Amino acid sequence: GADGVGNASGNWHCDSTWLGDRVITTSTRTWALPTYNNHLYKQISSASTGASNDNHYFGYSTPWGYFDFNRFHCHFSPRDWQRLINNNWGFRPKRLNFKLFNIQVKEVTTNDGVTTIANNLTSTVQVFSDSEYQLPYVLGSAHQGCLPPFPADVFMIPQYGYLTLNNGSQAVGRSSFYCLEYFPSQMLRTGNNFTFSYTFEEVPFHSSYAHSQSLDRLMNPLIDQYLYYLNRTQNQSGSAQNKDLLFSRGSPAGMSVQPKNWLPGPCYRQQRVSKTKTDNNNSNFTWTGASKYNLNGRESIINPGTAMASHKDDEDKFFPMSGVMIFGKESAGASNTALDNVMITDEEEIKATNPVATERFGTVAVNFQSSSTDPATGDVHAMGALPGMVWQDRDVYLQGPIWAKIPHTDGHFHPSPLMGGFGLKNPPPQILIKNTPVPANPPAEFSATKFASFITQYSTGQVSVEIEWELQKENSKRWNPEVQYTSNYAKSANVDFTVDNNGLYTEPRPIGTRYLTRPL
Amino acid sequence: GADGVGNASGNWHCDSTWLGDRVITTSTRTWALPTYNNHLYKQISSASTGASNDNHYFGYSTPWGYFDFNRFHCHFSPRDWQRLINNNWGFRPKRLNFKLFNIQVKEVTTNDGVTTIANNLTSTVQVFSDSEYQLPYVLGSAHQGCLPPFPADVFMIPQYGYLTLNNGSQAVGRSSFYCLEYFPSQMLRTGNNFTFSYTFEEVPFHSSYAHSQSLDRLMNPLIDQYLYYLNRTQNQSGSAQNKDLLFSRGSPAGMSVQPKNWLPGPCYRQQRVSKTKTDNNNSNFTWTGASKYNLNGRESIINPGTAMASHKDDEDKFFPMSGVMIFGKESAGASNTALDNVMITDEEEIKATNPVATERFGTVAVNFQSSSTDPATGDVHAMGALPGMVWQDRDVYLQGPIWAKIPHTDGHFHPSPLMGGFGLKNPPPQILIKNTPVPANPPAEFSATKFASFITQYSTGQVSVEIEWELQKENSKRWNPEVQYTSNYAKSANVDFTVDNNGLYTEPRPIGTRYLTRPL
Amino acid sequence: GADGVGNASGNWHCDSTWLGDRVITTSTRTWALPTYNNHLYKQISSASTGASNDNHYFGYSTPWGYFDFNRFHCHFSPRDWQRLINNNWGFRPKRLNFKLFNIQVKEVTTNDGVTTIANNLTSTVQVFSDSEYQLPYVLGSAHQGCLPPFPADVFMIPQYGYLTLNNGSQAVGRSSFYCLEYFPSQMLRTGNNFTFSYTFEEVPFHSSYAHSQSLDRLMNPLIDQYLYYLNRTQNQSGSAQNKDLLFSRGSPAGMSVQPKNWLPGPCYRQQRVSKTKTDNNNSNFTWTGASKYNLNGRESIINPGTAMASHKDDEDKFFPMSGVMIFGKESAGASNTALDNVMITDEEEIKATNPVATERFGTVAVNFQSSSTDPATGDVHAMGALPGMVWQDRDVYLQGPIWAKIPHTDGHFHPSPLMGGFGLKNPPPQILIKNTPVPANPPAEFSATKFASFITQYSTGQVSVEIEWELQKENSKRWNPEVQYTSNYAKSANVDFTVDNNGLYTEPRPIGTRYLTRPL
Ligand SMILES: CC(=O)N[C@H]1[C@H]([C@H](O)[C@H](O)CO)O[C@@](O)(C(=O)O)C[C@@H]1O
Ligand SMILES: CC(=O)N[C@H]1[C@H]([C@H](O)[C@H](O)CO)O[C@@](O)(C(=O)O)C[C@@H]1O
Ligand SMILES: CC(=O)N[C@H]1[C@H]([C@H](O)[C@H](O)CO)O[C@@](O)(C(=O)O)C[C@@H]1O
Ligand SMILES: [Mg+2]
Ligand SMILES: [Mg+2]
Ligand SMILES: [Mg+2]
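Protein chains in written order, with the working numbering: chain H, 36 to 555; chain U, 36 to 555; chain X, 36 to 555.
Take the hints with a grain of salt, since some may be wrong.
Since the list can't tell identical chains apart, any single copy or any two copies may satisfy a pair.
Here are the simulated DSS-like pairs of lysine-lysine, each with C-alpha atoms no more than 25 Å apart in a straight line [stated by the list, open to error]: (1) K310 / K295; (2) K364 / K526; (3) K364 / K310; (4) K347 / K129; (5) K327 / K312; (6) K526 / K512; (7) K278 / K352; (8) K327 / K347; (9) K312 / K364; (10) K129 / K141.
Note that these hints are calculated values from the structure, not bench results.
Start from the sequences, fold in the hints, and give me the full structure.
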């Protein structure tokens, strides 16, 4: 778009419109973009430092930044989240509309103690979207820098970096270097705007419900089965302990031995740790007792891992060591902050279909019983996909990620992104933004040496994102009332999800989606 | 339909019509429906009793009953089963036609010792099908109450109950209560009839064949491979035991080491127990040595579990403890009945593609061999899905289930119902039937207290089910004759699959489907 | 409708369909009708007994009964109630569809100890609706006999009676006697059915919301007013107490004296009584301390009276003596049952606009202050309509009444029915049902004396009621989550709103409608 300097290039579109089976959200925020890296790319490495082989990395930092609207509180206000989670069985993304407008480039001059900031009306910010996914996709790794939950909050734009292959601190012949100046990008003075629109692929609805039934309780409790199972191997009503083979048919007085059609979901057990520090071991096991994976002689913790229940009935005090998502409160520090500065999610409502993360999967025969060799079973702590298995994927949270790019691989098994959300062959693309460098005054004699002297400058503008979501309506024939999410009627000093007296918005708990119920 | 009291509302459609690649079966049976629960719902619980945490349950019994035609002998006569299993490579359901007709409600009065049963011409039985699957699906759990194998046999209609979430004997906020009076239902006096028709989704043909080849015998026995494998690590023809690295190419004289393209199916080993009581351990291991799964701190035996072969070549005497389906003979009791009162199925013909259930899957390296550290392998007793795996699902039996509803989950791996059959997103729906309550004479003064005084009454009628099945024809270029199912030419006191002198039909053995063969 | 004896005359239409801004409920129940009064009308009186002049009455009992579907649990299942109360700002009735079908008349014969009940196929039940409101309207007085909450529950039909003018036990010339045989009525044998349809007049939406603001907190807290008020009458900063006239302008530091635009609602104070028996007076004041009205020298308690708040902030333990609706639990007796056998409603959420019922309205000058005569104020305990007043009508409850007929008077002020609901000029009409008398065998000689000898007989049938309700959608721009109604996630022995193990449905608490909020 073309406009004079004194002429808005867009309006503040933020709203929340529901119609039928669709909810269209639009959120507008204002962003600050600084010069990053001094308009330079810089090779970045784990060289020096001596970080453990696990942490060794090689890659690049970029002069560009990016936009990230991959969190639900980017487009769903908490009261809108409630409308979703309280009345819908599912939902998914469908289309997306993005706009960059009202961009103002400013020049900064520092003389002595005093700094002056003036408008540079001829400078340009450049935006481009990686629609062919040619750049390393850095979204979908739960990074900060996303659009803020509170529309009145101004955010800084995160800087783009990526990585490639690394052996230790060194690189390899295949490792890749990307110059974002190589792509075509739209240049904008304060009069220009920028827009694009995107359609999501077909993906399934997310499960904004819990099961009112469990896998081991699907049968009719009033009706014996016609199937029989081997019941005893030692005779009932015998004076000694004499060998026998006694068969019984399925009965309600024994749901635990009735033949069944299905298996619980896959499991990959994690250590159980109590929220009350006393019960725990007096050691520092978050690594040595970690459930981890082993890629290229390099260990990386599994978190959040295969979707499993967080604790059993009545054991609310526990949690898997790396098998739940944990959001920090606004006060929490960056490292080694106390329990009550963070919020731990509880995926307990899937215990209906999925193993508890802290427990075994089951028991397995491991020998051939005979009159001589006593039978033997062992426990299963890793259980891969078996035919018959049914499972519920890990739930999403107002604060949590929305989607992820499915890695481009020959093969993938059930590629829901492990942290929750939609796994996309072709996600929404990255939007890269950079301030055009503005050289200061060159010398009066020619010098072919790289230009290192630039007007210090930063830019600010608004950003608009419209997303149409589909809803899956609830058709439940349940008589009794369902569980619903609700603010606490009682009194307190602070409304939930609000600014305080200093003006700080705070999200008090994580809100997931599984409240309505349906049969299994 | 509308008809006078003296006017049949349907005819006895039972038959067996084959045309081309299709077989249409129709079976009509007559049913008795009683008043269940005294027209009340009743909360049902494991409260009291003290059943082990495994067996704890919470749910409801319903005044309604249901129809169940989810067994093959409901629609296939044994001689028709033979035509299927002896000449077809596969088959599947396609459509379904159901009819309720000739319904007669009767009133019962008991005075002293003598009981009188008269016709109540104004009373109504109500039927409705759960076409939106809004009710907990209780079919597909191998319950009794199905249509009888012998058309001349009159059956009682099973009562509907369901279950929801349970912690111990207590319930949880999400648990669900269903009133079947909440759905619209068709009311019928003796003149009315009821019909509906259903189409199955596309599902694959069932495998009414065995493999004439095994996974490890697919290569050409006359032709060396061009691939090489590491053959020796200790020198042949050396005076000492000197280290070496000797490579050999694939050869018929060693099929066991030839590189191959595929893996057997997944395994989840079960205990092996002999049909001859002597060889077995002198203990009662059907639980302690059980292979089980662990859901919500509650153990449930796996039966019948992942589809595996029942015994190896020449070991006919064994069987997996909970890895075969077992049908009771008509004489067998409900609990702790002898070996010869039941019939144990033998899925041995899949040993071609699938692990034997009682044995390991394979062997795995578990260390790094060096001149110092001796190499080490361990056994695999649980093997999840690996790329390359091929497998044959558990076979179906004249007496066995036909289909099951695939649980409504975010995820499922190869959802064939474990007991055999077709896993259906939208199966045939439940048909719920109930007798309308008939109040006896109220008092002459008003009383808003619930009415507890009703004419005792039961109903009887016929029921018709027409199913069109598709057949997959056998195209085999096998020269020699195939194995076929056959009654025994020789003499005996009883024809197979018949009434005896008291009039009792008996099914003498389980009949599966895998008789024809095709290459792997 | 015309149908043979063996031919249903209607189907079981019960359901719950939401579309757009409309919710259509349909509920079907089955009813027993007895012979009432022995087909006689009987004058009924307070004669004898000696009931206090307050309780004296004169009227009639009728051989007919009536239908009553004037409670919400007649057409709203609790989970449907939740959908209403959790997502709508309002709702109202629109149309109505009623049907009588499947009617079965039965004859009863008692010989010795044994009773026999047979079908009488030629007997007729007669129904008619009082569409011209010619009969005393007995609905809308909170009587029992309504359709039961649980569709599977069979109910007895209440008997019709009415009343007219009474002086003591005696009657007056104007008192009115009604013969329901005087109206035309539809006669039905077991083959006939009966239907009618009704449209509600336009009435306002009910307020299924609470105010997020109060009348005294509508101003901007950051901005002084331009209005001034007389602040002091005794000089600040004077050594003595010298008379002055000091004026101050409206300020946030004094919301209590700022000029305002509105008045709270009307009040008619009631006695405050604590739910904890200790704090209360040691006397029996429910009459002597009752707030009552005085009509024709006859006292009648006001209950529930003008709509007022039930307790103030933090005084949850109190309630107005006759100014709240109280539902009995199923266990409660008819008279003098304990506190925990009943459920007391809490209309506290209207304290935003309306006086607290237990407190004064305000204070009023009652003299002329001078330097000699000290100023004086008194309290207001009855406050009639004043210009400026705004108020919220008493809320409705799942168990509570739906509508009432507005009395046919020259005058009415804001005629919302005091117990909650819709006040209707022309409500849904009464449906009167009676069994036609069946004379037994007359003598063989003529006798003109009234026939007193009839076959004892009662009737049963189903009844269908379809109501279309309009919804007022919630458009709230509230950021934080609203309060919502919810079943308790935690464990317990009983699901809410269910049958127990004996089969008894129980409604555990009263559920009102005010959960969403809007500004005042
Ligand atoms: C319902 C149930 O769990 N049954 C199990 C029983 C019970 O422990 C006893 O019947 C206790 O009364 O023990 C077995 O060893 C048996 O005796 O057959 C295995 C079987 O699985
Ligand atoms: C066909 C076959 O199984 N070959 C195996 C042989 C045989 O046991 C010997 O050749 C016995 O003659 O043993 C090996 O250790 C070897 O010597 O290479 C491994 C190899 O897999
Ligand atoms: C905000 C408020 O309630 N102001 C009131 C004050 C306060 O009680 C004193 O200012 C206490 O500091 O008392 C008055 O008599 C006055 O002095 O004018 C009346 C006035 O309504
Ligand atoms: Mg709008
Ligand atoms: Mg034929
Ligand atoms: Mg519907």
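Verification of the supplied hints:
Taking the shortest alpha-carbon separations for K310 and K295, only the inter-copy value of 23 Å comes in at or below 25 Å, while the best intra-copy value is 36 Å. Within a single copy, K364 and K526 get their C-alpha atoms as close as 22 Å, which meets the 25 Å cut-off; across copies the closest is 29 Å, which misses it. Proximity of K364 and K310 under a CA criterion of 25 Å is satisfied intra-copy only: 17 Å inside one chain copy versus 41 Å between copies. In this assembly of identical chains, the alpha carbons of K347 and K129 never lie at most 25 Å apart, being 36 Å within a copy and 42 Å across copies at closest.
For the homomeric pair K327 and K312, the shortest alpha-carbon distance inside one copy (23 Å) is at most 25 Å, but the shortest distance between copies (33 Å) is not. Taking the shortest Cα distances, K526 and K512 sit within 25 Å of each other only across copies (22 Å), while inside one copy they are farther apart (35 Å). Taking identical chains as interchangeable, the C-alpha atoms of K278 and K352 lie at most 25 Å apart only when they sit on different chains, with a minimum of 17 Å there against 45 Å within one chain. When the C-alpha separation of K327 and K347 is checked against a cutoff of 25 Å, the pair qualifies both within a copy, at 23 Å, and between copies, at 18 Å.
When the C-alpha separation of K312 and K364 is checked against a cutoff of 25 Å, the pair qualifies only within one copy, where the shortest distance is 20 Å, while the shortest distance between copies is 46 Å. Proximity of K129 to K141 under the C-alpha cut-off of 25 Å is found in neither arrangement, the shortest distances being 37 Å within a copy and 42 Å between copies.
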